[PDB]
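Peer 1: Single-letter residue listing:
Number of protein chains: 2
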Amino acid sequence: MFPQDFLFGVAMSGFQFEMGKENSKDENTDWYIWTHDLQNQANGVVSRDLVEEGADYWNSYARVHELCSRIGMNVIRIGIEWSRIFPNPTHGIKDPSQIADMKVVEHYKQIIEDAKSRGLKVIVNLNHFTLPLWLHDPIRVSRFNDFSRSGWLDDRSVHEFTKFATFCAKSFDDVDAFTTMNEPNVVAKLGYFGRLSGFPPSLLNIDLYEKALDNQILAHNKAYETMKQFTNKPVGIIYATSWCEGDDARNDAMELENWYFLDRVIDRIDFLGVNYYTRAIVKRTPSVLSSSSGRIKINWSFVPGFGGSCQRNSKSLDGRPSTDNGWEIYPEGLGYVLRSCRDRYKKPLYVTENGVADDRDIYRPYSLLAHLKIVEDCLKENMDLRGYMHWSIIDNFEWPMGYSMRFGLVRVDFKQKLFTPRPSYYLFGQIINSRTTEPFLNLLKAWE
Amino acid sequence: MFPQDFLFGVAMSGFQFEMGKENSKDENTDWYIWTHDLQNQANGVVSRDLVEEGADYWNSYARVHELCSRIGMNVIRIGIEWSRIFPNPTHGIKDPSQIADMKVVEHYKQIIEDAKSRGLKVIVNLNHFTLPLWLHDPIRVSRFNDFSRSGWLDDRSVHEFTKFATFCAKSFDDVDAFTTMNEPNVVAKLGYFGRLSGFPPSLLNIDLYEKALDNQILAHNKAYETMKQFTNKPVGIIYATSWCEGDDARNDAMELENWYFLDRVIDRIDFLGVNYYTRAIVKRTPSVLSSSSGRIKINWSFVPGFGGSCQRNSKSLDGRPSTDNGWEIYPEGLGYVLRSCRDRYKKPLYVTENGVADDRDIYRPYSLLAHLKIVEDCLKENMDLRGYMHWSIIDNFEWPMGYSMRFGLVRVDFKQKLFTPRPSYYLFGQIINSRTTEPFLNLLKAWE
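Protein chains in written order, with PDB author numbering: chain A, 1 to 448; chain B, 1 to 448.
Hints were generated in silico from the structure; no laboratory data involved.
One should not assume that every hint holds.
If several chains are the same, the list does not tell them apart, and a pair holds so long as it fits within one copy or across any two.
With a cut-off of at most 27 Å between alpha-carbon atoms, the simulated DSS-like pairs for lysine-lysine come out as follows [what the hints assert, rightly or not]: (1) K315 x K445; (2) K170 x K233; (3) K211 x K445.
Given only the sequences and the hints, what does the whole structure look like? Please build it.
Peer 2: Now the structure itself:
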């Protein structure tokens, strides 16, 4: 049985969920201008969907929180938008509290208290990909070689993030926990070394990938140190943990994908949030690619037909189902990643994201149950694993894919602003009620 | 909303559900010896699955009834086995009540009373394909041209069924309703004019098809008359209603598939149970096939790639999904069938079966919701439609396919005798509790 202290819940971000009515429109991020760029759209780099026609969590948060509490979840992780809290640059302002948008801060405090009043512990994540436009204009970077506002490449970013973190630890006194950032390794790798992924600014330069990783490491460490001076609540980080299999090059792949960053922040976190979706198959390359510093080294490639590289709504080359976005269902990898984190680090663990793109709900019941069974296996091994948070409660804006990729336990009709739970939502409630997957395991036999 | 007295429930049969424990084993049917025949098995005519290793409804009926009532179902239809009640032939015995197996009768009364005590109305169906071995030995018929026990070909079968019906009407005085038989048109067509279907005795002779139809008509009409002398409860029939589309031969096909039989029993039923799974597409043939009597004329063929003739787990030629047994999901056909029964007859209607073969539960949520939406459309047209029963609550023995086709809202692990609800089960409960499909309809957009 899952301990009754165990947290069952969901994860959300600001940008992908908040917008949808005019009173919440936030044009002030790199991602907003990135997705409205017509040249990007014409090249298929981003979709034509409008984030400002989305799910309206900014005003409908009470409906969303009630969906969570109705099936007994007891935690939610939300993102707050730096671009809303500090709409104007803070450089040169030692104490920026007088230029924070307090209407925005009050609104987030109202969202937090509403969730808490429904029995949800609230984890507030300070940064989830998007950056204030005054800090990052990715079209100026991408198309005009203009680095005056260059995001995590920018020499102001670490300092300005620390100031933002200090303000949040002081002002958001009633959260249950903080995390500084969400998958910083994805921001860096997809932004500067993932040209086919469509993440801003879509540069292709291993040295900038290295710079963005290292500035986010610095930003996290300094943020933890300042926030711990002003809050008693736990402060962690959320990381996109890969699980690489293949020839002997697995170890080098895992070092760059996971352990390089995590080794350098582990001393400055109270818990580690693990985001896991699928595995990756690697094989050694004939040549070594090294950064100019010699500090980053790449000598593997990712093998197509497995993990994130499958055909949509198909099977991997190992015969496992692949979802609406072509990601293989590989539940054992979640246990392998968590055991690696336990072996390397003495640190409480949470699964902070796990889910599937699946509008018809033909993958999510199986994937949810199979991954929770793996989580229960880890608990039986006495691993210090304290919660599981699904991505997500509702369909939302899936970065360059727009609304086409639907991750919710609950379907959203974005035009009619309607929420409709899928059957996997009711199954999650039943698993939470039983506090074990044991009465449900026979369903898994239909997939073997 | 669905009317307050509308019935939501499930349908079962004796042979497909009861056995599983040694104390319930019934070797006294045509279907038992048909499925145990090694030559049939070697030819792929029937599977090698054992009905006597099944779901054990005979002893586990309380568990099955509780699955229904915990979701708020309020009806169940169960089959009684003639072969258990009268294990020995009744010919020449006026009043065979002295040779009925009263321990069997008492056991069925216990099953019925358990369902009633949980809030389920009970419809008892007197015949569901299987016949006593003393009435029908299909191996003697098919392999040895021996018609001494020839089932519905036997002039004798009508009289002995009348006696059985009389005994049941007198004995089972706590049921809510009776039906005489279940899809008699399928027994006749697949038994004597459906050589590839695997149904006993697998003859191929249009004149014996005609004779089996006519004798089941006689048996129903006689049974109704005798039963109504001894019970005030409604007595109906359950019919496999085809929905034929295609060229102008569709009207001839509908006449033989549906109205030939139903026209001849309509004045002797209190309600019509409509069993519907998918549509059929027909096209005129160059030649006319006539029975020797001239009463049956066939001038159409069934077009492959639609309805019951799709590839498994695929799509029809119209792009609609097909399930584990290759049956197209065509929910509009249920409304077309019901409206044509409404137009042709003045008779209360029930949907007595509807479901899908689907172990993974990837089709049933969609199919359940879509067909219930069609039912709700018919209710808005003020049609005298009084209930919907899904096939079925649990996985069971699917005639010549054995256990390989799983129709349950609830998965059965037959070896461990374990029941595990699929997510469509919880969705059904939510729809029943809402008393309308309207809050769920947006789920259908994922399937276009």
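Peer 1: It remains to establish, for every hint, whether it holds in the given structure.
Peer 2: Hints, verified against the model:
For the identical chains of this complex, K315 and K445 are neighbours both inside a copy (17 Å) and across copies (24 Å), given an alpha-carbon limit of 27 Å. Taking the shortest alpha-carbon separations for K170 and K233, only the intra-copy value of 11 Å comes in at or below 27 Å, while the best inter-copy value is 74 Å. In this assembly of identical chains, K211 and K445 lie within 27 Å of each other by CA distance neither inside one copy nor across copies; the values are 47 Å within and 44 Å between.
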